[PDB]
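A single protein chain has been omitted; all remaining protein chains appear in their positions.
Just so it is clear, A and B label the chains in written order, and each chain counts residues from 1 on its own.
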Amino acid sequence: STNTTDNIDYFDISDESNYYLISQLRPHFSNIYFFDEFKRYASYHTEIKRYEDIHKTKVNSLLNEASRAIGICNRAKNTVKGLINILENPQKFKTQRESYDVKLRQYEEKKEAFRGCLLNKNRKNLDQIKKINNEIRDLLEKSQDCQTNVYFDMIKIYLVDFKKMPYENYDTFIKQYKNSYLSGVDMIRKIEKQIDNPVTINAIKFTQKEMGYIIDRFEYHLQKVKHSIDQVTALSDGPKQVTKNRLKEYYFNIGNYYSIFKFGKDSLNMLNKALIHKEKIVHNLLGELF
Amino acid sequence: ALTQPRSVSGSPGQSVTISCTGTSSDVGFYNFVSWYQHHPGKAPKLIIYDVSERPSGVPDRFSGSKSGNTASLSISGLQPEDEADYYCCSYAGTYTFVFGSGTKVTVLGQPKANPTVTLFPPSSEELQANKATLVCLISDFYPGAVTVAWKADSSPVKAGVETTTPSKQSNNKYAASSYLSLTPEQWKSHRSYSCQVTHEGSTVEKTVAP
Partner (left out) sequence: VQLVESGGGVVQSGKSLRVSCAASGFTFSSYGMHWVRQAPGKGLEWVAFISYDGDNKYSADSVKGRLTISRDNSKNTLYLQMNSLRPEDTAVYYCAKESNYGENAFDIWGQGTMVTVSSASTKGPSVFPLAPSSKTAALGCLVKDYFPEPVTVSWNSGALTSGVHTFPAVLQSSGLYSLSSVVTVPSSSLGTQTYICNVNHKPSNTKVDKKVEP
């Protein structure tokens, strides 16, 4: 019976110059998980374990600096949530002396103002991602037939770790929630033209406006996580003798796919609670709309 | 451990404030500090998350603010239900959190009173049993808790010192006690023993000796 939105962490933004995803939940960067996976490789790769020193000094700095960067946007985040709470509750909307179509544009102005803060405060941090990746690519080189027992042992464990995520359960959740949302936007198009109840219908139209944004993010991760699952499984189905140059390309293959897997799984569980909370608002509003 | 006052005092309808200053990487770096209200037996509930915003159930009286490495909680229009222990919590970093020491917010129900301290030397019956224990009585003090420190001869002690929480007497004033266990050989070697009692900014101490 929830009527207001407490959590608005479903907002994310990708940088335009270089394409990186910034989520409000830690670690904020999918690359940080890729950095966290190299510690498992370094412990099992060879006697060289110098990454344990860079993981505690350089990797945590990026994570800690990014968490601060997201924390600077509290003023933007609280002001965005304020516009979201107003346009959702008619009891909180009838207090102000402004119209819905008048302050519905103020929402978009602040919605993008907050997303700009998530990127600008992390723009200085994205440079360290390319600086750490080069450092990882530099420290790993220290032969024409390097071993591969560790590479394939990771793929065998990833497939078991992939089954921990309910992908088939998340996929069916979309097609039923998406069609139910399309049936909701269809009903208001025929009631708003025959029934004169503008104040309540505006909240249902606004809630559906944000629902499409979260469905987009919930879908966008589902295929990208699926693409990682489908590729990591493809590397297993498709040696024991590899050069050291391809070993850097081989570790980046499993590293980029698994870091995307864990980062997308972090967004999906968050966007799941966001979608259910949005549906509870539009479900209990139909009881008041009728 | 973040540092906040030991006790704060306010009258019904008055406004008080609480400082919270830990380290430079804890508070002033993240803007993720938070405050929690802890009743004696009940579970602690969240009053203010982030720097200045409040959950839905929190009244308008509680205010959140922060500057530099010092976070501050403000309670305006005090009511008798506001008497509790308040802790600040800042995000430490690398998936870790740090809590504050705590402040005993006490609504003023009566004029304040300073403690009466009596130190008891070890009982002769206890000395014959190869044991020794000092007792520092603290009674008739209001409001809130009290700080207790022990020193042997002229130097402070930091071993075997146990202290109780204040407790309401028959009257509304509180009472507490402090104990110091030591070997009977240590009781005869040291020149004296002391008990420092600091309440509401005023330190009172009493000493005994064999």
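Definition applied: a contact is a pair of C-beta atoms (placed from the backbone, for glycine too) under 8 Å apart; a residue touches a chain by one contact, two chains touch by 3 or more.
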For the full complex, which residue in B:8, B:18, B:119 or B:195 touches the chain that was left out?
-> B:119
Which of these, B:181, B:186 or B:189, touches the one chain of the complex that we don't see?
-> B:181
Chain B positions in touch with the non-displayed chain are 1, 30, 32, 34, 36, 38, 42-46, 49-50, 53, 55, 85, 87, 89, 91-92, 94-102, 116, 118-120, 123, 125-126, 129, 131, 133, 135, 137, 139, 160, 162-165, 167, 169-170, 175-177, 179, 181
Hidden partner sits against chain A at residues 6-7, 9, 25-26, 71, 164, 262, 265, 269, 272-273
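In this section, only the chains that are shown with their structure count from here on.
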Using CA atom averages as chain centres, what separation in Å is found between chain A and chain B?
-> 44
Sites on chain A touched by chain B in the complex | 4, 6, 26, 60, 63-64, 67-68, 71-72, 74, 78
Chain B residues touching chain A - in the complex, by the definition given at the top = 29-32, 50-53, 55-56, 91, 93-95
